[PDB]
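Starting off, we have a lone chain in the form deposited in one PDB entry, written out as structure tokens.
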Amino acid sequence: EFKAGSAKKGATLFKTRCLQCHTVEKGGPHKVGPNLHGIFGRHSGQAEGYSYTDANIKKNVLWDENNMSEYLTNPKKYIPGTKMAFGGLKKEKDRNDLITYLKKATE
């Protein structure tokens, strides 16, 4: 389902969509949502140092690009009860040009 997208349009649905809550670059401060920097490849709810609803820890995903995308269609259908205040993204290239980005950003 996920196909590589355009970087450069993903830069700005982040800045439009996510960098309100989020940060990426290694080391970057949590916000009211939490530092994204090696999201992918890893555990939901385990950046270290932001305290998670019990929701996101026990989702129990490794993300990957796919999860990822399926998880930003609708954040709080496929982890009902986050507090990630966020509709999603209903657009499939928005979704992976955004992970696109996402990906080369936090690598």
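Numbering follows the first chain given and starts at 1. The term rigid core refers to the maximal set of C-alpha atoms that superpose within 1.5 Å between the two forms. Compared with the form deposited in another entry:
A movement of the C-alpha atom of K77 reaching 2 angstroms or beyond is seen between these two forms when the two forms are aligned on their rigid core.
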Second form
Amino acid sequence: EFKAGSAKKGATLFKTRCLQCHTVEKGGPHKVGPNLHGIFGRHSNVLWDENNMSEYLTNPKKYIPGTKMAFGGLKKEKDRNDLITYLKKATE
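Same protein, different condition: the form deposited in one PDB entry was shown, now please give the form deposited in another entry.
We keep it simple here and write out only the one chain, dropping partners and molecules.
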């Protein structure tokens, strides 16, 4: 169900909802979460592709309720396709 979307809107969604814990650049520093470079091909066993990550990123995960250490989810379909379109181009 993933359809190539907007990398522009995806890049904005990354700085707002992912950058806080993750980095995309080659040889990026491990932050609260791992470096997502080369994520599409890598596993944990979960062979990362666009559709299985769209499912993964749909649900929010509160690590420390009360602080900004929590992922907010991507409940809108457009937002997931946008973020993945960006992320796919930026993690290689």
